[PDB]
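Trainee: With these hints in hand, go ahead and build the complete structure from the sequences.
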Amino acid sequence: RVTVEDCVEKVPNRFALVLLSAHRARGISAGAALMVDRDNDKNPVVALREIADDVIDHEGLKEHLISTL
Amino acid sequence: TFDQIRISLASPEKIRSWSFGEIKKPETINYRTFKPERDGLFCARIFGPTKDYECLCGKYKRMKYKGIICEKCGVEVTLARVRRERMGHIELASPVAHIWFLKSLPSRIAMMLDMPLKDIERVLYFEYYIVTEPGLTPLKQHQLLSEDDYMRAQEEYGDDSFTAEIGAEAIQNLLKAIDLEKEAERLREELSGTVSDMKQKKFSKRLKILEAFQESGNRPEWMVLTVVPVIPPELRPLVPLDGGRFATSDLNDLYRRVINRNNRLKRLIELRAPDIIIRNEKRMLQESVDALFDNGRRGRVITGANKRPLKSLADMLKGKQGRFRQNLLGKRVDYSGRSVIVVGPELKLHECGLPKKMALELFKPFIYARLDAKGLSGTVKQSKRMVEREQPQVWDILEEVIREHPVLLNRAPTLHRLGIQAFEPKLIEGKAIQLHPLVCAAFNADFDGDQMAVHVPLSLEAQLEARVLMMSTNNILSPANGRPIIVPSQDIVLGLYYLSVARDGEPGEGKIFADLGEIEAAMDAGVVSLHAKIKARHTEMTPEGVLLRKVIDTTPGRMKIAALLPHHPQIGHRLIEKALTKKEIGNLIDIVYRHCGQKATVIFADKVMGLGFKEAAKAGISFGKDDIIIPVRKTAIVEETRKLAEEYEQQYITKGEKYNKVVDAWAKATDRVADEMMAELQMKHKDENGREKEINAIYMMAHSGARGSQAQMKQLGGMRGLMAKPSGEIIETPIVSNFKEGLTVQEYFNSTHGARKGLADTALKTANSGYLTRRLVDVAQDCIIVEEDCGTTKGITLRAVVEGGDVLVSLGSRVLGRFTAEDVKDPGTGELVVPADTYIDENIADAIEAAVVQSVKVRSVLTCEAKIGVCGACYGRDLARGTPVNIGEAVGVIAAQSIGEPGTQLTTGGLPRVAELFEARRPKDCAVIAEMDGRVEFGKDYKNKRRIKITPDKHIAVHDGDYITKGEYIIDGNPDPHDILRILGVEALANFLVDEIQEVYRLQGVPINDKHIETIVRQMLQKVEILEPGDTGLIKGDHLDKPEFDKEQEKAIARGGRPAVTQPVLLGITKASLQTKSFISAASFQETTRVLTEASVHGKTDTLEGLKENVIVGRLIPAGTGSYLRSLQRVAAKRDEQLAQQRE
DNA sequence: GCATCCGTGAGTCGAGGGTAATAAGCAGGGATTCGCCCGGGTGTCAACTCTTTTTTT
DNA sequence: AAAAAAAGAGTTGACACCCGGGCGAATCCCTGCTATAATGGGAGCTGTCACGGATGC
Ligand SMILES: [Mg+2]
Ligand SMILES: [Zn+2]
Ligand SMILES: [Zn+2]
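Listed in order, the protein sequences are those of chains E and D. Start counting the first sequence at 3; every next residue gets the next number (PDB author numbering). Note that the second sequence covers residues 17 to 668, 673 to 927, 1126 to 1171, 1190 to 1380 in PDB author numbering.
Hints should not be assumed to be uniformly reliable.
What the hints assert, rightly or not - Covered stretches of chain D (chain E as the covering partner; in silico rule of three or more C-beta atoms under 8 Å from a C-beta of chain E):
no.: 1; region: 485-491
no.: 2; region: 607-620
no.: 3; region: 1349-1361
no.: 4; region: 1364-1371
Claimed, not checked - Restraint ranges, calculated between C-beta atoms of paired labels, are given here:
no.: 5; chain 1: D; residue 1: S475; chain 2: E; residue 2: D59; range: 20 to 28 Å
no.: 6; chain 1: D; residue 1: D861; chain 2: E; residue 2: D59; range: 22 to 30 Å
no.: 7; chain 1: D; residue 1: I21; chain 2: E; residue 2: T70; range: 24 to 32 Å
no.: 8; chain 1: D; residue 1: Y859; chain 2: E; residue 2: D59; range: 21 to 29 Å
no.: 9; chain 1: D; residue 1: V1242; chain 2: E; residue 2: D59; range: 38 to 46 Å
no.: 10; chain 1: D; residue 1: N497; chain 2: E; residue 2: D59; range: 32 to 40 Å
no.: 11; chain 1: E; residue 1: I68; chain 2: D; residue 2: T1306; range: 37 to 45 Å
no.: 12; chain 1: E; residue 1: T70; chain 2: D; residue 2: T264; range: 50 to 58 Å
no.: 13; chain 1: E; residue 1: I68; chain 2: D; residue 2: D1231; range: 45 to 53 Å
no.: 14; chain 1: E; residue 1: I68; chain 2: D; residue 2: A26; range: 49 to 57 Å
no.: 15; chain 1: D; residue 1: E406; chain 2: E; residue 2: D59; range: 48 to 56 Å
no.: 16; chain 1: E; residue 1: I68; chain 2: D; residue 2: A457; range: 41 to 49 Å
no.: 17; chain 1: E; residue 1: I68; chain 2: D; residue 2: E185; range: 52 to 60 Å
What the hints assert, rightly or not - Here are the simulated SDA-like cross-link-like pairs (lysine to any residue), alpha carbons at most 20 Å apart as the crow flies:
no.: 18; chain 1: D; residue 1: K745; chain 2: D; residue 2: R776
no.: 19; chain 1: E; residue 1: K12; chain 2: D; residue 2: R252
no.: 20; chain 1: E; residue 1: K44; chain 2: D; residue 2: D388
no.: 21; chain 1: E; residue 1: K44; chain 2: D; residue 2: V417
no.: 22; chain 1: D; residue 1: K1370; chain 2: E; residue 2: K44
no.: 23; chain 1: D; residue 1: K1370; chain 2: E; residue 2: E61
no.: 24; chain 1: D; residue 1: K615; chain 2: E; residue 2: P14
no.: 25; chain 1: D; residue 1: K364; chain 2: E; residue 2: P14
no.: 26; chain 1: E; residue 1: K12; chain 2: D; residue 2: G613
no.: 27; chain 1: D; residue 1: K1259; chain 2: D; residue 2: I1219
no.: 28; chain 1: E; residue 1: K44; chain 2: D; residue 2: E415
no.: 29; chain 1: D; residue 1: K678; chain 2: D; residue 2: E749
no.: 30; chain 1: E; residue 1: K44; chain 2: D; residue 2: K390
no.: 31; chain 1: D; residue 1: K1259; chain 2: D; residue 2: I1206
no.: 32; chain 1: D; residue 1: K41; chain 2: D; residue 2: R252
no.: 33; chain 1: D; residue 1: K224; chain 2: D; residue 2: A1331
no.: 34; chain 1: D; residue 1: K442; chain 2: E; residue 2: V4
no.: 35; chain 1: E; residue 1: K12; chain 2: D; residue 2: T1357
no.: 36; chain 1: D; residue 1: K527; chain 2: D; residue 2: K566
no.: 37; chain 1: D; residue 1: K364; chain 2: E; residue 2: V4
no.: 38; chain 1: E; residue 1: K44; chain 2: D; residue 2: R386
no.: 39; chain 1: D; residue 1: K623; chain 2: D; residue 2: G588
no.: 40; chain 1: D; residue 1: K390; chain 2: D; residue 2: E406
Hints listed in this document are in silico derivations from the structure and should not be mistaken for laboratory results. Built from N, CA and C at the ideal position, the CB exists for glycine as well.
Mentor: Rendered as structure tokens:
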């Protein structure tokens, strides 16, 4: 229900956005979504909508998740 | 995990280590009870048990222990999966030579010890006798006495100091006695200081094979294998079909025959049979061995029952079951469906209709998970029972689960990347998949009988990845060129053209309307016509602020579709003044997408589609018999031409008369009636009342450009010209008739001939297009944008094409989308219009186009000198999106797809010309370039050819007296690219190839950007020769990375000696993958025989860097998402190493 | 340095469903395999004795 | 305010039986031996090019 125009404007890579939204959805699966309401939306769409009004430099947690074994 | 796949020769010790037991009896199964045999091909003791956790003979079938072994039976209890990973070996009484290293194109065994291939075949067939270890007696080594008299009568020189052997043992002893170091040292000295006329061609190959056998660690004696391993009993199954009749694979026959021949030879050796019978047995055994591997080199082995030839291991991996398209690359996929497609105007652009039957089956696990989480069901088994009976409550769960899950839809002939586009499924009745009228143009598929497949992404990352990367709303621009693909095809464009037309004679003209609502109310009452001269109030917002709504004089048809245009400068009611042609409406969607965002473009395309359909269904677009009219002057023109052609026949040379009478009388008459009917149709009739009655249907259809054309209307209403016979020439008989009137059988026969010729031509040329597309994707599959900036200052000059006094392509459109190499200066006025290195936007584009300017140096992918891959500072602006290309996007694959897309519609040029140009073969005998300067000297003294003219300081078209300079085009048409690259620079050859390809593609009317051609040309040139013997005595071609890495290492070892520099070498796209580094990418497209045998002796290790290797291994492709994930993993490893450094 | 001869290629998704032919003979001795039956370890039941939580006194 | 028992445990003999291991018996597979004279074999293309390479004097 939301275009990828603002998402590409926030992050011009167009490839890191997919991984960022996937990590945001995996985090919103349990105890999250305190920034934007659901509004009858699923996890990926709500994550993409929240990315338009959220910090884009949140890949630190994604990098630290696979930092060690 | 695993990396760095390595392939080399397998020694007998390794084969024995792999095998578990030796097979001795060719017994598959028992006839009374179907069970494995003791030593047969299907053995439980050798290939594990058949049942899972159940040994044979009913002793340890409890399945509680897995480490025990049945004493009486002799097989351990293990899962059935172990039967597929266990191999067996067969012992051979006599050595046998490998068929791959013997009958291959380059004789690998013949390359060793300088032995001809004709002599090796005689020794293997036991025909002649070879001599080795010669003494002081005659018959020196390598004598190869042919007749038996030389082996017995000529052997009267003592029973010692003379050894002679025959068969595979001779080759084995020769390979075991040969040395590598001494031969390499002898060939190294002989290579240096030699005339190098013909001996070099063999010495180079011998030195290469010797150095490969040295460093690889494979002895030369492994060619003659002694033990042959057997495939496990799972790839050659013996499953019993329905009815009790078994069905086994054809591989069991070869193994059974080999085992039988080996047992027969073993029994012969024990019985002490004569040499004549034992020799034939060894010959038959060797034939069975080297036929079990290939079965094509030697005589064909056909079974007595079946009439088809058996499929050996080599033929099983070439085209049918190999990794080409059967198992590795192309495989079946579940969670998919297929059904016919239909058109739906109510659906949105990102929504597609999906039948309830297909959706209920594809989303079964999702429905199960929803029923589990919703609480309406309990056990999973119970849930499986609820959907089987099709309860009415399951429909509500299906609509809730299918809310945002995108499904992938693709047509059968996936030519370009636009063929696969994701949509949002919506439940609908029926069994036909609904579709959008605008999206059907992208798939390139009519709605007559075509069917589309549907896929479902299961993973959450893949589901979310297709929404923002593969959605239909995002794919609005074609990847080949910046042209919108959502233009109205047939009906919307026709309706918009009908609404854009304005007629001076109409009722209710001259009134002023403030709002469109007043216009609609007046049209409802009928006081005002649909289109007529009217002055209304409309807002434009040209100064980017607020407008006073200045009055505009346009018809009610105008400003009704203009209201859908978004509010933005540079666009407004001024752009709708045109007639709204198909090209005009296509250009209109480009400017709205260029100026405004993507949402406005898609919403405008959605709004304009409904208006066009609503307007077309209200007017009388019905085509009738009175719509098509024949010109009244044609009846006189044809009779005048017939009367004029009569005098030419009585005069007559017959060839000249028949040629001049048909190309002048009928050619001029065919064009006269055409323009006559065109003028009669374009004329606007005036009704008695004073208003235009109506416009012709076919004329409007031809002018709008939706379906009608000029040639079609001419053949429908004109004279049809003259038909062509299958020979090639035009028939002299005049076919003066059209489809409206009757046609006799004689004139229809020629039309049938032409139609059948065209149909036969279009059926074969499409296969060549597919072959070229498959060949181009394999050569440019390694081109991936990895770096952002390269720092290169070089570039290639770009000029516009011009034919006489007119230009074909503007300089702004050609240079647009590429980063400027150097700061362009305005000609005449000393002003810098563009910086040194900046992105050429549309503003800079039309600024450079306004002021006249010559060619400008622009960076390109061919001039880049970065690391492996391609940087984003040389590719330029992306074609799919307005913004520049992102890092990780695959450029080679998209370039190959864009080059192969316009195929199947081509044709001295066309599809075969393009295929020959891309391969860079020999076009024809052409004059070699002089490559001299100043004074030119004579050539050869009539030695059947002119080699070269030296000036130290056949049909000839250049005089020896005139001076000659380097680059002079002294050559017929279609020059050779090899000498062109040898004499001139690589940039000249690249520009020539780009010009030729662009001309061949523009002669048919298909626009294609030169970026893809430049990328393909760069992928072509990747190897450089060697002229200096410093650190590398070879002269053969080598990859471009080795000298860049070897020269830096050679200079670091010792600056003394001499450097190494050599000009690059060109090669076709086919051979570009022949000598590639990774053998897996080469074995997929090329022949698997020459690729495997060549890479086997060298022992090349694949690093899994290319895209083809990751697809075969089943890993993430190093492009886009895969590239970003690999970069993240690399940075995480770096951070972990930094953290571990401080901790010690 | 040229003339003659032997390998590779041919798009892609869909339908359609199973098949088919020759035919020596008998005597010696062992290895294999199917029927019955005793049998010892596994189940399925009559039927004799401590504990205790109350429910009754 | 007191004081003993249907269950709950715990066994103790008492069958019912169910594949296992032998005893048989009935029957499969192998191998060799037959004495007038037998004395070199049957398909298969051949209605695509074109390239790209491997032998020869
Ligand atoms: Mg169709
Ligand atoms: Zn067993
Ligand atoms: Zn570059």
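Trainee: Next step is simple, just say for each hint if it's right about the structure.
Mentor: Evaluation of the provided hints:
no.	hint	result
1	485-491	holds (count 4)
2	607-620	holds (count 3)
3	1349-1361	holds (count 5)
4	1364-1371	holds (count 5)
5	D:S475 - E:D59: 20 to 28 Å	holds, 26 Å
6	D:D861 - E:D59: 22 to 30 Å	holds, 28 Å
7	D:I21 - E:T70: 24 to 32 Å	holds, 28 Å
8	D:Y859 - E:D59: 21 to 29 Å	holds, 25 Å
9	D:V1242 - E:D59: 38 to 46 Å	holds, 44 Å
10	D:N497 - E:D59: 32 to 40 Å	holds, 36 Å
11	E:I68 - D:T1306: 37 to 45 Å	holds, 42 Å
12	E:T70 - D:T264: 50 to 58 Å	holds, 53 Å
13	E:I68 - D:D1231: 45 to 53 Å	holds, 50 Å
14	E:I68 - D:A26: 49 to 57 Å	violated, 38 Å
15	D:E406 - E:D59: 48 to 56 Å	holds, 50 Å
16	E:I68 - D:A457: 41 to 49 Å	holds, 43 Å
17	E:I68 - D:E185: 52 to 60 Å	holds, 58 Å
18	D:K745 - D:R776	holds, 11 Å
19	E:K12 - D:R252	violated, 56 Å
20	E:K44 - D:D388	holds, 18 Å
21	E:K44 - D:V417	holds, 10 Å
22	D:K1370 - E:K44	violated, 36 Å
23	D:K1370 - E:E61	holds, 16 Å
24	D:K615 - E:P14	holds, 17 Å
25	D:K364 - E:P14	violated, 27 Å
26	E:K12 - D:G613	holds, 14 Å
27	D:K1259 - D:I1219	holds, 17 Å
28	E:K44 - D:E415	holds, 14 Å
29	D:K678 - D:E749	holds, 12 Å
30	E:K44 - D:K390	holds, 16 Å
31	D:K1259 - D:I1206	violated, 28 Å
32	D:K41 - D:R252	holds, 17 Å
33	D:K224 - D:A1331	holds, 13 Å
34	D:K442 - E:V4	holds, 18 Å
35	E:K12 - D:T1357	holds, 18 Å
36	D:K527 - D:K566	holds, 16 Å
37	D:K364 - E:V4	holds, 15 Å
38	E:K44 - D:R386	holds, 13 Å
39	D:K623 - D:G588	holds, 16 Å
40	D:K390 - D:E406	holds, 18 Å
In this structure, the earlier hints numbered 14, 19, 22, 25, 31 are contradicted, and the remaining ones agree with it.
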